[PDB]
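Heads up, one of the protein chains got dropped from this complex, but the rest are sitting where they should.
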Amino acid sequence: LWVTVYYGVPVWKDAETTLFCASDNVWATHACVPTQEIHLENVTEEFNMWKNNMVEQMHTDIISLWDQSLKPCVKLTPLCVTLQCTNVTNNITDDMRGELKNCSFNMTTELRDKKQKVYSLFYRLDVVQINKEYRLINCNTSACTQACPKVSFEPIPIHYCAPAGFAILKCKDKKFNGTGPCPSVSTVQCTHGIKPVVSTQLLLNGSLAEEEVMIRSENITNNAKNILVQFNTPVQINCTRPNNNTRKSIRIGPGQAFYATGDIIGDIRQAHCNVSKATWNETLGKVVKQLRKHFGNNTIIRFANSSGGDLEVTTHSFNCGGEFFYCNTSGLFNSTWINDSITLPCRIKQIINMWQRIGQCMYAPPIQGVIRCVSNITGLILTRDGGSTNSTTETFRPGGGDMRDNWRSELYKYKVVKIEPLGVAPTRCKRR
Amino acid sequence: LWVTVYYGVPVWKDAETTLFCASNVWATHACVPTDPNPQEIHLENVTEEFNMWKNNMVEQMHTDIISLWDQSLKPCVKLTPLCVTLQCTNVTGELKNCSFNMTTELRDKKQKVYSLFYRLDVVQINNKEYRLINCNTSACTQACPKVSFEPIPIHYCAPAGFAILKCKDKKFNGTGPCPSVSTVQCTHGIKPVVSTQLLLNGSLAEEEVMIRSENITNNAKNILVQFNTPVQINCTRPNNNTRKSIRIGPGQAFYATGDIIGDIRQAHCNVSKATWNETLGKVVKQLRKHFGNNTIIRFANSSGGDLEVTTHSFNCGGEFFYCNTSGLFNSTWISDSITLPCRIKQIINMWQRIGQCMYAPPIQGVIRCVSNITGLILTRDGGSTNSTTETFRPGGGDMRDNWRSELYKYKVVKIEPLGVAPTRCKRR
Amino acid sequence: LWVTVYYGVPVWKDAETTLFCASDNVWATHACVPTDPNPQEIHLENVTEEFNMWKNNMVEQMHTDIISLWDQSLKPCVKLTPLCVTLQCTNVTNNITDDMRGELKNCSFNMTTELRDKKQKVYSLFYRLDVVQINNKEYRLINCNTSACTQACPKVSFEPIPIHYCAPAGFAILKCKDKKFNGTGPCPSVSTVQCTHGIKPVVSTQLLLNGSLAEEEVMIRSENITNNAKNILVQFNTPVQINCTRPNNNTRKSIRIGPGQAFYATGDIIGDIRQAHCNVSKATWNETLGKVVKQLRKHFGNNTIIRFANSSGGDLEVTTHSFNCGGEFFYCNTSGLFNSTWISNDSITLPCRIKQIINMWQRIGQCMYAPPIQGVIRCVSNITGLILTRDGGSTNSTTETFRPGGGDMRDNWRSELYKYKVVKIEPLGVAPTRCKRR
Amino acid sequence: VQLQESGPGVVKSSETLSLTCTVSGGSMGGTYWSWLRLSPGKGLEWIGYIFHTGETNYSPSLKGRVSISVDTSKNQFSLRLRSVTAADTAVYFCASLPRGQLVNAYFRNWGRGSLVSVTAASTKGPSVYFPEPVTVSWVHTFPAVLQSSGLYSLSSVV
Amino acid sequence: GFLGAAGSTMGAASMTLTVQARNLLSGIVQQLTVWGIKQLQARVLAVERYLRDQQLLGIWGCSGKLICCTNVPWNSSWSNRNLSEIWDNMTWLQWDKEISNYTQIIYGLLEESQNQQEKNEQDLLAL
Amino acid sequence: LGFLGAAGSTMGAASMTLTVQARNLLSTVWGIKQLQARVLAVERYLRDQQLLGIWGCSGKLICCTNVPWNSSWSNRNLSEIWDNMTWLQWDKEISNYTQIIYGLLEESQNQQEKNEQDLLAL
Amino acid sequence: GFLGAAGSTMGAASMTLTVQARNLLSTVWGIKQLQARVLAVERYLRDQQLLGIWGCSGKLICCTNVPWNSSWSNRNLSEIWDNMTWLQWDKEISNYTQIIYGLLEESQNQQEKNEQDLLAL
Partner (left out) sequence: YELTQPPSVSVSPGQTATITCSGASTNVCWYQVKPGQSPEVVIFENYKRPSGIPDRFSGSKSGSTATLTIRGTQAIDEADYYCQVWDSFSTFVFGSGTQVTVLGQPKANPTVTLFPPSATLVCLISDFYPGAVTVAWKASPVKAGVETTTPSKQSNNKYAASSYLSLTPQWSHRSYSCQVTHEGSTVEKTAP
C-alpha cells in the first residue's frame, strides 16, 4: 500500500475566528453586508454553550458599537452645577409623591461671557443632596455624554456570519440539553437574526422553544450558576408611562443643546406595567412541572422575589420606547406550589450606566408624548439558594445582571468549526 | 466538438471600484509617484458607450476631497472661547473695529484685545454690541497656517485587474456611444479647484465649444459649457493687512487682522471686454443648434439664495472672494475692461455642511492671481412655449459639476479574462 | 550548457521592514503576541557577513515604537489643563539641613471643584525647577508658556519590561556571535534567530543602566575614533552597582479638580528634609576606570595621558545623569566619578536631585507631570556602560580628555542592537548544468 | 535659519531694556538661543541663553538684573535688562548654539545687531546739543565728544 | 503593452496572452490617511480576484497553462458558428456577449468531467 | 448534495465530491472585521496550496505518491476503510502520526526531482 | 535547520530547498501587521507567478531550453558545483538576471504555441 493525498476532504476542527456582521442607528448596520442551509445526515457533534466563543465576541462587539455611537454627541461637562430644587405638586398622586423634583440652576449660554437661569424637571434617582441645594449624581464619579435624539435604541436583528474557510454548525435537536452530543447537526451559512435586547430578570422578544419548556444550567447541583428558562408560549406585557412630557432645548454652548424636561401636561401617575394573570399562572405551572425532574418528585418548589444589591440587578430593567424603566416584579415571584392583571410599580431613571462599568454613564434625553409599549416575555433567569438537604423545599429567586446570559439564550445551538481540506489515505496506486 | 478554456484574453465589463491617488490640504505625500510615459492603445472596432453623469468616479472624488479637507482641518486650533460679546465701531462702511475681553495663558487673568472684522461675519445682538454669526450654529476651527490651498494636479489610477478608459472623440457631448474608445493607465492632471458659476483653471476643449446636459428640454439640469479659448481673469486685494498673534491659552494662538497700512479700497476682479464678447458670441452662436435656429437668447444675472451660490467664489491665495459677476451675464443676442465689485468673507461653511466652519486667517501683503476661465455652469429658467426669448441665468452651488467638467473622457471597467469556446480538439 | 531555475536557494539581501515585537505598564504588551518557548537558533557555519551598527534601520524603528507607546499610554489619563494660575509660594522651612535650601516651595492657589460655580483654596509643595517667577512672591508653572500637559495616571508604572523584536514572514534576522566586535566590518561566525533577546528600554543619559554585559574584555565602539564629534560607547565587563535613594518621607493627597479628574499633589513631609543620595563603590569604580583606560590606549597610543573631567552640557538632561527610580525622575551630578588623571568600604556619594515636570523625548509642546510617590524610594541597579565624548584639542598630542554626554536616546539602544541585522530572503536563482527539458 | 533683532534704540537711564529676536526658517528643537553684547570699551561679552523648555543660564556678572524668555508660538525669544546705566551702551546680537557640550561649541547664526544707547540727558541747544547734532558749514569738521554728564561738543576750524 | 491589439482578431491576440497575466496581481513600483486604507483594500481585492481566477483553472485541470483543450461535450444550442467565421474577423468583446447565461452550467460540467477523469486516471494506476 | 453533505457518508462516496469543499475555501471603524478575515482566508489557502506544491502534487485533487504505507500508522486492512468509515474518524485516528508523513513526502519529492535531474542530463 | 546550508557547496545546498521554500508564509500592531502580511502575500504570489511564466510551476528544480552563453560566465561546471557557495553566485550574476528572465519567458512563449496545433488531430 502507498500513501495518497486527497485535497478537499470534509473534516473540521473546533477553532475561534472573526465573525462579521450581516443585516437585512446605534447598531451600525451600514458596515454590515446585506443578506442556504445544507442538512448533514450521519454526523454527531459534541456541543457546548457555556464554553462558546460566539457569546463573548458578540458581547465585546455590542459594547464597542455602543461606545462608538456616543462619540460625536455633546459631552455635558458644564451641567455639574449646584442645583436648587423643590417638590412639584401639580395634583401629584400619593404613590408618586417625592419621585419628581422641580429644579433650577444657573447655566452658561452660547456666549462665553453671559449666563442664564434655567429650570428643569429631574427624578429623585438622578439628584442627590449636598451635605435646599442638590446636585446631579454623575458629578461625583464622571460627567458623561448625552444620547443624541436622532439615533434610536430599537433592537434591529443582526446576523453573525463566518468568513471563507469556516463553517457554522446548527443543531436541529428538538429537545436539546444545552451541552453534550447532538444527534442531528445542520450546516448553515449563518444565523436567523438575533435581536440584541437589554434586560435583567426577564428575557424579552427572544426565540421561543417549539415543543416544550426547556431549562438549561451549567450545573444544576451548584447554586452559584444561573438557571436559564426558555418558554414555548409567550406571555404578553404592556409598557406604560402615562405622562405628557415637554422637551425644551436649552442651548449651553456654541452649537450644543441640552434637552431638558419642561413641564407635565395634566395629571401625574405612576408608570406601571401590566402582565396577564392566568397566562402567567399556566406558564409558571409548566415551569414548576418541568423542574421537578432535575430536583426530585414531591418537592415544594416556591419562588421568592429578588434578594438585593443595586437597582439594576434587583429590578427588571428594559428599554422600550426610549425611556429606561426599573420595574419591581415582586407580584410575579410569590407563589408556593404544592380577567385579572398583575400590575407592577415601576420607576424611571435618566442617568444610565449600562454595561457594568464605572466612570462611564450616559444621559438619556426625555421623550415627548405618552409611551405605549408591548413585548413578549419569552425567557427567565432564575437563581437558587443554599437550602438544606432533605427539606423538600427550594426557593428560586430571579437573578440576572450579567449581559452574557441574555445572548447565551440565542446562541445556544451554534458553534464555529475550522474546515481543513487536506488529508492522507492509503490505496493501491503507485506514482509512475 | 468539445469545450476549450482560454485565460488572459482582453474582455471587460463595467463595475465600480476604489481608485487611488498619484502625484497642504490635498495630501501630496500620501500618493504614489506617477508612472512615466504611460503608453496608449487604440480600439479600432469598438462601439462601447460612455456616460458623464452616472459614473462612480465623481462620487468617489467628492468623498475623497471632503475626507481630505476634514483630515487636514483636524490638527489645528479650535476657536471655542473666542465666541464672546464684541464691542465694535466703524473704521475711519464695511470694515469693523471690534474690541473684546479674552483669556490669556494664566487661567485667572484676562486681557483686552482689539481686532478688525468684516461686516459679513458679524451680527448685532440687542448699537455697540456684536457677535460672530457662527455662535449659534457651530464652534469652528481656525485653519493653522502652515498648510496651503493650492490646487496641485492629482492623477487617479486604477487598481490591478481594473482599467480606466479614455474617449478620444472630439465632438463628444458626454452621453452616448462613441466611435473611438482608448485605454490609459492613469488619469491626467486633475486639479481640485473650488468654484461657483465660473469654472477656472481647467482643461479646454478641442476645436469648438461643447454644450452638455442630461436633457436640453428641462429647466432643472445644469448646462456645463466648456470653452475652446481661455478668458483670462486676474485681480488683487488692494488693502495692506498686518497679522498679529493673540495667545488664547497655554500654547495656542489666534491670528487677528491688524491695522490697515495704506488706504482701504474694495476688491475688484476685471476681465477683457472683446474677448468675453466674442466668447459669449461663440456660445450663443453654437448653442442655437439645440433650442431652435431662430431664437432670442438673453443672459440675466444670478437667481438668488445664499452668498455661496449667488456670487462667484474662489480661494485666490488663501482669501475667499465672493465677486458679484452681474456685469458679465447681461446681454441680449439677436440674429476696455468690465470691473466687478467683490467682497471677502472669513468664516466659511465650505461643502454645504451645517455645523462646521473654518476660520481663514488673514494674510500679509497684497495678493494677486492670474487665472483662465475654461467653463460655465449656466442653468435655464424655463417657461411656456409662447415666446422666442430664453433667459439663461448663471447657477451653481453643487461641487460635483466642477468635477464633471473633468472626468468626462474616463470610465472604469472590470477585466474578466476567463472564457470558453467550442473547438473540435481533444485532451488526451 | 543549459539554464535551470532553482526555487528556495539560501540567498539573502539587505533590506528594511516593519518588525513586530513579542513578549512573555507604559509599554503596552497586552497588544503584543506571546513569544515561543525554546527559541531556535541556527548556526551558519561557513559564512562571513558585513555588519554595521551605526546604519541599521531597526534602531530608528525601535525609537519610533517606544515614542508611539509612550504617547499612547498617556492618552486616557488626566489632562491637567486648568491647574496653572498665579501661585503664591513661600519657602518651606521645617527641619531643613545644610543642603536643599530654597529648593522646595510651599505654593497656595485656587482650584475648581466638582461643581462648576464653587472654588477652593488648596496648597501643594513644588520643587524649584518646576516654578518660575512672574513680576510672598507670585510664581507660576514653567510648562504653560508652551503647553499644558497630561498627568501620568498612577495605575501605569514606568518599570521597563523586555521586548523581543521578531521578524516577519519572508525576512530573517542575522545575529553576530564574535567575542571581539567593534560593530563595523565582517563577522566570522554569524547565526540566525527568529527574535532578539530581552531588550528592556531603559532611559538614561550618562551611564547606561541595567544593560547587557560583555564577555571577555571592555569593548569600545565608535563610528570614527579619530573624529572628536562622535560618541564613544563603552561596554563594561563586570557591572558596578549603584544605590540611589530619596530619604524624605513623602505624603500624597488627592485634590479633585473636576467631575472625574483628580490631581495628586505633594503634601506635608513627615520627618526631616534631606537630599537624595546616590552611592557607587570607590574601589570597583577605580578598577573599572583602570580597565577602560587600558582598553582606550590601543586606539590612541602607548604613552598618552588619559584624563576624565565632568560633563559640560547646557541643559539639565545632558549635564546631569538622569533616570527614574519607580516614579520619581532623578537628575544626578556625577562629578565625583569622572575626576582622575591616568599616567602611562568607602563609597562615592552623588547629590542626586529630583524634578517633576518632565519633557523627555524633546518634542516641542509636550510634557508630563510625574505624581509624587508616597514613602521612601529605593532602587538597586548596576552600571553596564558609558557614553563618553572626546575633547579633541589638536593632532599628535599627548593628553586626551574624556567627558560624559548624551541626550540622544538612540545611543542607549544602539548598545543593545549592535549584534543584529535584518535581511530579505530571495529564493529564486539560476545556474547552468547539462540537463534538458523534453 | 536667519535671525533679526527688533526694539528701541534709545532707552532712558534706570529703566528696563527690552529686545526681541525673531527666528525665521527654523525650529526651536535642540538649540540654545543666546544673547550677546559688544561694547567698544569692554570688548565682547555674553548675556545668556535659554533652552526651549525654559531652562536658562545667565552670566554671573549680570545675574540679578537679566531675564530671558522664550515663546514658541510666535517663533521668537526676548531679553530684558533691568536698571540700565550709561555704561551699557553697546551693540546687541542674538545667536545660537547646538545642543550638546559647550566645550567646543561656537556661536553661529548671528543677527544684524541693533545699537542700543542708554542715556540720561534732556533736550538742549548748542551754546555757540544732545538730541540733534549741529551742522556747521561756512572747512574742516570734527566728530563730537561724549561728556560724563551726557552732552556733546564739537569744533570746526577752517 | 497592456490590452494591446484588443480590437484585433482572436488569432493575433492569442500570441500576446502572456503579457496581460503579468499584472493582474500588482506592479512592483506600487507594491493612516485617506489614500493608505484605500490602496490596501485595492491590493487585497486584486489578490482575491487573481486567486479566484486561478482556482477555477486549477479545478478544471487547466492549471499552469494559458491555452488548453478539455473533453466535455458542447451543446449546439449554445452556439452554431463553425471555426472559420469565429477565429477570424471576430473580436472577444463581441464573443462574450451571448454566453452570459450558459456559462454556469458549463463550469459545473467542466468540474464534474475533470473529477471523473481524475478518478478514472487513479483507477488505472492501481493495476 | 451541498457544501458538507458528504461528511456523514463513507469514504468511497465522499471521495467523488471533493470539488464542493475545495471551491468554497475562497468565497465605521468596526468594518475592519471584514478586512481582517479575508487576509486570513487567503493566507490559509496559500499555505494549503504551497504544502500541496512541495509534494509535487499541485493542480490535482486525487493525487498518488510512491511513499510506502508504514504499518505502525494504521494496522487495519484496506477492506473496511473505504466503505465502513467516514473521514472524521480517519482524522481522529491519524490526528497523531501526521507530521512525519508530511516530511516523508517532502523528502521523497526532492529525491524524485533529483533523480529526474540526473536522468535528463545524460 | 532553516538555512544552515547557506555556507555550503551549491551541489550540497540543493538537497535542502524545501526548508527555505516553506517559510515564505510562516493599535500599533494592527494596520502595520496587516500591511506586513499583505506584502508577504505580494512577494510570494509574485515569485509563484514568475515561475508560472517560465513554465516551471509546481517544481523546485526545473530544466529548461534556453542556451547558456559563455559571456554570462566562462567559469565551468566542476567548481561552480564543487567549491562555490550560492551567495557568491548571486553576487556574480546579479546584473545579468533580466536577460535570462526574458529569455526564459521567450522560450516558454515559443514552447506552448507549438503544442496547440499538434493536438488538433
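A few comments on the model shown:
Lettered A, B, C, D, E, F and G in written order, each chain numbered from 1.
Simple rule for what comes next: a contact is a pair of C-beta atoms (placed from the backbone, for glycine too) under 8 Å apart; a residue touches a chain by one contact, two chains touch by 3 or more.
Check C:271, C:375 or C:393 against the missing chain and you find that the one touching it is C:393. Touching the missing chain, out of D:18, D:20, D:57 or D:119, is residue D:57. Listed here are the chain D residues that touch the chain not shown: 38, 40, 43-46, 57, 59-61, 93, 102-108, 110-113, 140, 142-143, 145-148, 153-155, 157.
Where chain C meets the omitted chain, the residues involved are 312, 314, 391-395.
In this text, only the chains that are shown with their structure count from here on.
Inter-chain centre distance (chain C to chain G, centres taken as mean C-alpha positions): 45 Å. Shown for chain E are the residues that touch two or more other chains, namely 18, 21, 25-26, 41, 43-44, 47, 50-51, 61, 63-67, 69, 122, 125.
The multi-chain contact residues of chain A, meaning those touching 2 or more other chains, are 427-431.
The residues of chain A lying in touch with chain E in their complex are 427-432. Of all residues in chain E, only 1-4, 6-7, 13-14, 17-18, 20-21, 23-27, 29-30, 33-36, 38-39, 41-43, 45-46, 49-50, 53, 56-57, 60-62, 65-74, 76, 78-79, 83, 86, 91-93, 95-96, 99, 103, 106, 109-110 touch chain B in the complex they form.
Interface residues of chain A, counted against chain C in their complex, comprise 77-78, 80-82, 106, 135, 138-143, 359.
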